[PDB]
Amino acid sequence: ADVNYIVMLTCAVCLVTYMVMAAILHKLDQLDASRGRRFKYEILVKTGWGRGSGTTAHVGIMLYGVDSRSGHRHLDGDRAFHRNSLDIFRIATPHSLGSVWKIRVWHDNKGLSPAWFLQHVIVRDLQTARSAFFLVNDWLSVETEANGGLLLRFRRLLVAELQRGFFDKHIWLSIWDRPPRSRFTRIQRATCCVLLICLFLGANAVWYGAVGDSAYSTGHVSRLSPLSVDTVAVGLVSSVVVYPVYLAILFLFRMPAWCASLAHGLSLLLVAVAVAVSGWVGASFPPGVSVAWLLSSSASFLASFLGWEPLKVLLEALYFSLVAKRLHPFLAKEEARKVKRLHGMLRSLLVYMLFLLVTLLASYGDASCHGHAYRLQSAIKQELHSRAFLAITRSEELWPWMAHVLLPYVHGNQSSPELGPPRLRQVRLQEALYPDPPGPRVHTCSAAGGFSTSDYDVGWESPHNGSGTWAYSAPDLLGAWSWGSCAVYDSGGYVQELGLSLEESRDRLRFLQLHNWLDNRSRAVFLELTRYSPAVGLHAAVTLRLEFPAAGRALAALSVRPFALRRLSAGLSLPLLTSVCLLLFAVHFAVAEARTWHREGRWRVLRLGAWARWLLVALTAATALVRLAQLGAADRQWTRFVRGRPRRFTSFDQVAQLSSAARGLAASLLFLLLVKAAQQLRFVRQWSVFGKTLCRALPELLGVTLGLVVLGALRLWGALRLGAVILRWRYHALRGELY
Amino acid sequence: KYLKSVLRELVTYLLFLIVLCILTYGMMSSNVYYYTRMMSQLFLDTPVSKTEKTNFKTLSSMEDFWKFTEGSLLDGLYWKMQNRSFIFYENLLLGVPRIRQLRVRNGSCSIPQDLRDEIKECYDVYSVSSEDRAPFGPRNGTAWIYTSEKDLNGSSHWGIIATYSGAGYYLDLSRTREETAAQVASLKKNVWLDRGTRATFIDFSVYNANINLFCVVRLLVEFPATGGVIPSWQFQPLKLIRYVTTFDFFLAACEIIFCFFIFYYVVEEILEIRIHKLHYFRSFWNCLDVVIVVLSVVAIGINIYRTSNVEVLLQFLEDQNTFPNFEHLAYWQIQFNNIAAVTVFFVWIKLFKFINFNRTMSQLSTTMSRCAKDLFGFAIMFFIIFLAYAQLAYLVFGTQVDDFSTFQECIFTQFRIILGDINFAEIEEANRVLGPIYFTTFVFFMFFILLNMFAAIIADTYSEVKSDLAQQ
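Protein chains in written order, with the entry's author numbering: chain A, 3071 to 3107, 3117 to 3229, 3242 to 3346, 3551 to 3624, 3655 to 4037, 4092 to 4118; chain D, 215 to 296, 305 to 694.
If you're looking for bench data, these hints aren't it; they were derived computationally from the structure.
Cβ atoms here follow ideal geometry from the backbone N, Cα and C, with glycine treated the same way.
There may be inaccurate statements among the hints.
[Claimed, not checked] What follows is a list of derived Cβ distance ranges for each label pair:
(1) A/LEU3758 / D/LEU539: 52 to 60 Å
(2) A/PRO3765 / D/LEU539: 47 to 55 Å
(3) A/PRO3760 / D/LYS267: 32 to 40 Å
(4) A/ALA3716 / D/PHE358: 45 to 53 Å
(5) D/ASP625 / A/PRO3765: 27 to 35 Å
Extracted from the complex, chain A is given alone in its bound form:
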């Protein structure tokens, strides 16, 4: 009944991005439909090429070329290319070629056959010189067409059809470039794309784990790394086996009375089924396979984008060309600006969704051991009698404490599997202090002397032939740094191993305790041990600090840090995968901001957008690097421990520190992303008031709060009301201006 969050998060992100994309595309399609009712040059249109050609014919103009697409003209007016009349060619060509061959025209005899010779409407150079300035001098006839440089060949027909269909038949990057007079509506493009994504997800989910009994292709060898025979093969076969149920609905969308209306319902039903089956099978994925699933899905998507669509467009062009042998393939500037803005936000939405998915994988990918860690730490503190251990305040009950409740715990028949003998430490500082005047303690810490860098013998200093048996045990590189109340301690100090057996522990305790080694000065003692648990696969770094600020009274505290030890050399674990693409996103953001810094020049300071885009970069870089540091430290500590297992300690506390720092950073980044998502809500017309009212209200509000706090931490503002007063006035005024 264990739940895997990876597939749930992926499907949720896909569905949300589909919903937002459809919401944008509906408005864009409404705008296009309103439109569907400069590269060229607006040179003199004194054209009188229509002489003795009495008919109300129509003229079709096609601005051919690279990134060029234009619709046909019309005959609108009192004359409107009437009997023995002419016309002036001046329309709004949305796209036309540059300094290249851009000419394609046709005349449809909408009535009688026009008997004239229309050469050209010469547009030499007015806006961008989309073509040259010459003439064709072609006699008009019934269905007369002429094209070429600035009929039935099967040599350039194929290239023309490929050109007009290279970015319209390619379903992936066709939502940006729907040509007018098309019944595909640009909104079922999104439905088709999300259908393909969800079918990819479902196929790759049901393939992994759920089904295999043929040759044990899935099983013990779960090597998620790409071996070219384990990951890409599944993606390619999944991409191939989905087209038989994809091309049918794609065909039914195109071309016929009313089935297309319920085609959307059918598509959503099949998408819902594909999501449901993946969600139901997600329970039985071990963590090592859930990443291979994602990699296979990513490979499958890239296959249908880099070779499955090009062959589609080529074969459809060949079908349309070889057989059926067909031949036919003020506000205006603001509308173009609106279209460009819509395109920009649409292309930013995908990047934002991908980044949100990445950070969700980084943060909540392993969010199933979060409860277990809480239960483990609660179990550990309650067993050690934490409230009883904190209650002691003298330096003599410590011994009966750790002689009746600690030794049975650490040493027992089963006694909570340990993975490592405990240690005892000390610091004495060699600048021994004196008792303070009676009364309350000096809670600021005093007697800051040198540091212990000397060796002593049993009892205290008495070297005879050799060096001190109680060496300082010089600190490592990683260290610990507990940040104690009196001072921030280091890992250096004289250490004892507390024996290995239960009776040995008691014997060592008594024998070493009758010598009074930590009774006079004793800056701190510390007591730390490890508590690996196999049931949930979690470790626990447990430490018990006890501080002596004043010779007599002792301060004590404890902390239990549970974590999940995962080594970097384990392979391609999920944190490793999600912490390297975060670096890629950070580099992308940094280069995108640098491409704007020099583009605008200088004086880009005192701008929040110029600073909010650097805090994000720093946070992403820190999150990426801290996880790698944690993995490296964990691997180093584990190999050091295995090297000297029966006699070493290895102090796993550094890994616990890093595993908490990384989790904090990953949560902060997600919080910032959620705040940005909240900010992106202003696009609704009636809901844009709140954010901008807040924007105009914050400066003076912060100023007056600072003024009040300077005058005084008593509750004056939120005590009864003041902020509502300003907010009401600003909101009322701004909403009055809006209406």
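Please build the complex by placing chain D on the supplied structure of chain A, with the hints as guidance.
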């Protein structure tokens, strides 16, 4: 032009506030309030004896009061050594406590004709015209001598239930437990006080050698003629031995500098009065300057009085068998609090003067002129309802609630209810009906009406000021 008068004055006020803050930084400890609260709370912890445990509030009947009197009633200050008597080696046996009691005489009125043979000990309220100096008992020692208060180096009483005059008798303790215990036992053998005592005050002076600062403890007891006694106790950190190190010299220099600055300001004001607009009070803003001048004068007078008391107190410590007389310089903590308040007011004035540099972040917070008084009309109508609820609660409750025992703290209980601290564990069984009704009708009328109108009264003022600024 038009900028020096708003910059130089602001800078001078800020500098004065900084100097005052520096002076007050080494004036009193940050735990002064906590220390005062602890001293006030632990002033009524006197046991009875080894037989009974009748405390001060548990000894009102015969045997309870007898047990309270016989025991450690006078053994608190004197403790056996591990002569001298130091509880924690901080306040040694250097001096003795003092006790002052004021009494009145009966028979100062005529009983009614009907109750002529029934009412004989009919005594009215004590007053200045009801002072007597008649001693009772056998004259054996000097403890029954009559003396005044002016010649005994004393002062008035200023009690709670009775502000009696300086007449009465005084008693002094010893420097050791051996004689004090014998004296207490001898005094307790027979009667020691009468029922005509009006005000009683016990004053104790302690050296407190751990930290060089005089300590004074005052316990007041007053019995009126209408029945009932109001007991109280307090402590004050008297300043008479503050000369220890260079910090005292720095404080004296700061006081001298403040006095010189006040004199310079007064001279400037005088030079800008007789040759300028004088006897003018229709400004509604110069009252702040007048209050600042009054506060400076009050601080100067407090410093002068403290210096005079210190000079007068320099004649003590002549012998090693007497007590330190600190009954004339017990206004040090109050003076320090007043000085801190004056420094805060000076900082506020400097901030108000210098906030004019703000474009629009401080112009909306300057609405005193638009709201000249304009607000006491709400404070009065709030306090009337508050006092009405306090009276109602003190009458209906006050016998089985353990909280609403007296008015001054019923006010505090209602304040804590407003703040959020609600008990509601004793009101319900004190009175099942009219108990919950009080609580509900109080919370409804406080949290929904008055506290909700005090927001509107300043909301409309802000809107009006903003409208004026926009139209101008």
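Here is what the structure says about each hint:
| no. | hint | result |
| --- | --- | --- |
| 1 | A/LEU3758 / D/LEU539: 52 to 60 Å | 36 Å, violated |
| 2 | A/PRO3765 / D/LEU539: 47 to 55 Å | 30 Å, violated |
| 3 | A/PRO3760 / D/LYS267: 32 to 40 Å | 37 Å, holds |
| 4 | A/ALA3716 / D/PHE358: 45 to 53 Å | 59 Å, violated |
| 5 | D/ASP625 / A/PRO3765: 27 to 35 Å | 32 Å, holds |
Hint compliance for this structure: hints 1, 2 and 4 are not met, and every other hint is.
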